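**Q** Single-letter residue listing:
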Amino acid sequence: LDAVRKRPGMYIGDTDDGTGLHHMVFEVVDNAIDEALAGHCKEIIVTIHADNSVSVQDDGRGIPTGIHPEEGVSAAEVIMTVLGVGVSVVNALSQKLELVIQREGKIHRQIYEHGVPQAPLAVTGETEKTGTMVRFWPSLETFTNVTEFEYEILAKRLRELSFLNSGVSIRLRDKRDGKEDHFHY
Amino acid sequence: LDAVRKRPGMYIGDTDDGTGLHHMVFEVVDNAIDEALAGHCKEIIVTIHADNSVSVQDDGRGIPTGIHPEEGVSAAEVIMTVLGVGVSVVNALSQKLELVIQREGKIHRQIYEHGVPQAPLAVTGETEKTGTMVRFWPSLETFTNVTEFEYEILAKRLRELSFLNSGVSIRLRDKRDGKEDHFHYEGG
Ligand SMILES: COC(=O)/C=C/c1ccc(O)cc1
Ligand SMILES: COC(=O)/C=C/c1ccc(O)cc1
Ligand SMILES: Nc1nc2ccccc2[nH]1
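Residue numbers (the deposited numbering), protein chains in the order written: chain A, 16 to 98, 117 to 218; chain B, 16 to 98, 117 to 221.
Just chain A, with the same shape it has in the complex:
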């Protein structure tokens, strides 16, 4: 991930005019949408939190949690730390990243800072649901000038996605001012 950290613009887009910032959301969304396709109901929820983080929940099968045979860590971790641009890029450029995977009756959690895992992916409880949730706080060492999520920028792109991913429900919620939308084609 150091290659992403040293030239973030080359991976995510302009880091000063809001371009890169928004592309962080879109990259997570692309992954989430593909999760939703493969598991009944087929809905994602994109939230702009008051603290300027964005979360993206899917009702998919859950990113795989088992130990990757070659890397020695969970498969989810491999995905978050090893170089569509990939979610590893978002993680690398995030001051904090929270990951919650619901899979095979189990809740798994892991926290990252600037792409470094704080601990291994751990089972924290039981659940009847499946899905993946990623909340990230964009690093303010990378993202300058435009540092706040703009609702309409996210809305425009998600609208386009709904048409292209038919049957996938896309919800957008803004906790700063209560704005919400529901794209479903």
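When the alpha-carbon atoms are kept at most 30 Å apart in a straight line, the in silico DSS-like pairs for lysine-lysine are as follows:
hint : chain 1 : residue 1 : chain 2 : residue 2
1    : B       : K129      : A       : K129
2    : B       : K21       : A       : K129
3    : B       : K21       : A       : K21
4    : A       : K21       : B       : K129
5    : A       : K212      : A       : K57
Under 8 Å between C-beta atoms, here's a sample of chain B residues computed to sit facing chain A:
hint : residue
6    : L16
7    : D17
8    : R20
9    : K21
10   : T96
11   : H147
12   : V149
13   : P150
Derived from the structure by calculation, the hints contain no laboratory data.
The beta carbon of each residue, even a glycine, is placed where N, CA and C say it ideally should be.
Starting from the known structure of chain A, arrange chain B with the ligands on it as the hints suggest.
**A** Below, chain B with the ligands alone, put in the same frame as chain A:
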């Protein structure tokens, strides 16, 4: 560098009792002494700055600055970012690291934050001297509880080291209070 960041303890030692913190200094010093040893006048200057960074200056030949054939960046950057424990470990666990290399008539400068280079190594100017200066600000996200350098721990070690390195002048300066020491042993 991510392997270090992931488990800092395994590389630098204990990040909570001051051991690791001071080990950062010693690792740099070891490299500096190796540099000073290859030159003739042989001097190193260790300074504790008032912002709790430490700088180490040597009058060696300067860390090589040419682009590394396979890595695609200057040799200095390869040394600072590709993993005693290696200076790359110090860089990784430093919130800021300033690198100044005087070599082949030219001053070279680069800044790192948490091991990440802010720009490629750049020729900023000219010089008649040679040497390598590294100044680092320990990461307070890594180093907890003991976060300030204790002059006495540095002095004791630098005094011991001076006996093992004949001809090498080691100066210790604390800009917080003005304390200075000069350890120079001529043996051999
Ligand atoms: C298993 O396939 C993958 O790489 C999935 C990645 C992924 C899924 C959801 C998300 O919010 C971010 C990343
Ligand atoms: C080939 O040299 C190396 O690997 C490292 C050299 C070096 C590191 C720190 C310092 O203050 C001076 C020199
Ligand atoms: N890799 C890395 N980059 C960082 C930037 C700020 C704080 C901690 C960090 N760790």
